[PDB]
Amino acid sequence: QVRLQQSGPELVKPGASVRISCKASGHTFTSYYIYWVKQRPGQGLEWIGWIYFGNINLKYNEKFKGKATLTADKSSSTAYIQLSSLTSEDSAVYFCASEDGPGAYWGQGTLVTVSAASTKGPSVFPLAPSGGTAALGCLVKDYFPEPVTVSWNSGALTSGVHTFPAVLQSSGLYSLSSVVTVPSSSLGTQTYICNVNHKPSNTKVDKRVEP
Amino acid sequence: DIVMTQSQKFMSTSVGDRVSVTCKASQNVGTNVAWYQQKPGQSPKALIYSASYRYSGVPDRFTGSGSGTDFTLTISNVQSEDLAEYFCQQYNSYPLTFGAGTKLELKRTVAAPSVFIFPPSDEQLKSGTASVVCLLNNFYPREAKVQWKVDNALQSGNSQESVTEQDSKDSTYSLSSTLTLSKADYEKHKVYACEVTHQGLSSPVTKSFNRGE
Ligand SMILES: CCC(=O)N(c1ccccc1)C1CCN(CCc2ccccc2)CC1
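These protein sequence lines map, in sequence, to chains H and L. With the authors' numbering as the guide, the letters of the first sequence map in order to residues 1 to 52, 52A, 53 to 82, 82A to 82C, 83 to 99, 101 to 127, 133 to 213. Letter 164 of the second sequence, counting from 1, is numbered 164 in the authors' numbering, and no numbers are missing.
Just so you know, these hints were derived from the structure itself, not from any lab. Just so you know, not all the hints are guaranteed correct.
Claimed, not checked - Far from chain H by the CB rule (all over 10 angstroms, computed), these chain L residues:
hint : residue
1    : 27
2    : 148
3    : 181
What the hints assert, rightly or not - Residues from chain H that face chain L, not an exhaustive set, calculated with beta carbons under 7 angstroms:
hint : residue
4    : 42
5    : 44
6    : 98
7    : 124
8    : 169
Unchecked claim - In silico PhoX-like pairs for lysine-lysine, Cα to Cα no more than 25 angstroms straight-line:
hint : chain 1 : residue 1 : chain 2 : residue 2
9    : L       : 126       : L       : 188
10   : L       : 24        : H       : 206
11   : H       : 58        : L       : 107
12   : L       : 103       : L       : 149
13   : H       : 206       : H       : 117
14   : H       : 209       : L       : 126
15   : H       : 23        : L       : 45
16   : L       : 45        : L       : 126
17   : H       : 117       : L       : 183
18   : L       : 107       : L       : 39
19   : L       : 169       : L       : 39
20   : H       : 62        : L       : 24
21   : L       : 190       : L       : 145
22   : L       : 39        : H       : 23
23   : L       : 107       : L       : 169
24   : H       : 117       : H       : 13
25   : L       : 9         : L       : 145
26   : H       : 117       : L       : 126
27   : H       : 209       : L       : 183
28   : L       : 103       : L       : 126
29   : H       : 73        : H       : 13
30   : L       : 190       : L       : 126
31   : L       : 24        : L       : 103
32   : H       : 13        : H       : 206
33   : L       : 188       : L       : 207
34   : L       : 45        : L       : 103
35   : H       : 66        : H       : 23
Built from N, CA and C at the ideal position, the CB exists for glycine as well.
Given only the sequences and the hints, what does the whole structure look like? Please build it.
What follows is the structure, given as structure tokens:
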């Protein structure tokens, strides 16, 4: 019966603020709650607070007071969360969630990306293939912030490709490797390009990998 | 804050098996505990409320149980669409707290890693920093241990692992281990080896090169 639908993804700057919306459709009555939940990429869920549409009662998670402001419009059946004084710690997907009778519903999520004050494009170094399958790749080092995007031979090479999840180095900069396994007989006859895109710095780096 | 501990970060199952995902609360939360499912990209889906009651639309193979401090989500007769991450949550007191999550992954035959080692590129050697990379390719199960031995000396602190999500075609994992040195220290050592122990390896395999081919 109930459909939660949220606002589009936000791309904002440090110190700024955003207001996300969650419209609840399918309710005839106001006797329902909207819960807000935070999920940083590859992390667990964190509860932010809730707002009750009957009387606009509120509860915040204490560590989000001052960060999150919750408001509700009964008239358009829309809940809002405002996030203020944005930092890198705030970049996440924000879900809304609600219950109705025996059912439970979540919105599609709203991704908030807080941009970096200093951006670094990846240094892309070849992982050169020194039993009958060879491994080769590209080391994608010292980029910031997330994300990176790696392709091989402009999309023509996919089987055997592993692009590893980024690891945050001691330098605060991300590093990853993208590798492929190919038949060793092809090393002298097939060219291998890794295509790396890092959009925060408009970096597109296409790197040749030869034995 | 009440801590919801899910001691199992990964669990393996076959289709048809029965699995139990466990959750322990740091304080007494009665039965006010919920369970959620999340697949990559998708929003979380609420499964259980009050420890043992199903939300609307939840199949009967999802049974929750437990009370007080210990809670369990059991999935009987696992289907392919049940492979996901599972979170427990308490709502008995504020703040409401989720657990760390348990990823339910597909069981398969043991597969030993194909091991490869890459020397640093001469390009990067100009950076004053040298990165040696060791790849463990398409292995199972997830558990692996990599050691870096430079001129036979065990390394520590100066290395970082990264592991892929389970493959949706052959159900394997892959792992990369990167050893970061200064070009200074790289040039005053000769043998570079990554040592791989794995359940599919009948004895530990070391892959290595001598600086200078
Ligand atoms: C942090 C989110 C959260 O805690 N919850 C939630 C879950 C999904 C969507 C919105 C909110 C629930 C809060 C209260 N329920 C028990 C009350 C209940 C039970 C069954 C039907 C209706 C009401 C359990 C967890």
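Against the structure, the hints come out as follows:
no. : hint          : in the structure
1   : 27            : holds, 17 angstroms
2   : 148           : holds, 15 angstroms
3   : 181           : holds, 13 angstroms
4   : 42            : violated, 10 angstroms
5   : 44            : holds, 5 angstroms
6   : 98            : holds, 5 angstroms
7   : 124           : holds, 4 angstroms
8   : 169           : holds, 5 angstroms
9   : L:126 - L:188 : holds, 16 angstroms
10  : L:24 - H:206  : violated, 47 angstroms
11  : H:58 - L:107  : violated, 42 angstroms
12  : L:103 - L:149 : violated, 32 angstroms
13  : H:206 - H:117 : holds, 12 angstroms
14  : H:209 - L:126 : holds, 17 angstroms
15  : H:23 - L:45   : holds, 18 angstroms
16  : L:45 - L:126  : violated, 50 angstroms
17  : H:117 - L:183 : holds, 22 angstroms
18  : L:107 - L:39  : holds, 17 angstroms
19  : L:169 - L:39  : holds, 16 angstroms
20  : H:62 - L:24   : holds, 23 angstroms
21  : L:190 - L:145 : holds, 23 angstroms
22  : L:39 - H:23   : holds, 23 angstroms
23  : L:107 - L:169 : holds, 13 angstroms
24  : H:117 - H:13  : holds, 16 angstroms
25  : L:9 - L:145   : holds, 17 angstroms
26  : H:117 - L:126 : holds, 19 angstroms
27  : H:209 - L:183 : holds, 22 angstroms
28  : L:103 - L:126 : violated, 42 angstroms
29  : H:73 - H:13   : violated, 31 angstroms
30  : L:190 - L:126 : holds, 18 angstroms
31  : L:24 - L:103  : holds, 17 angstroms
32  : H:13 - H:206  : holds, 23 angstroms
33  : L:188 - L:207 : holds, 20 angstroms
34  : L:45 - L:103  : holds, 14 angstroms
35  : H:66 - H:23   : holds, 21 angstroms
In summary, the structure is inconsistent with hints 4, 10, 11, 12, 16, 28 and 29 from the numbered list given earlier, while agreeing with the others.
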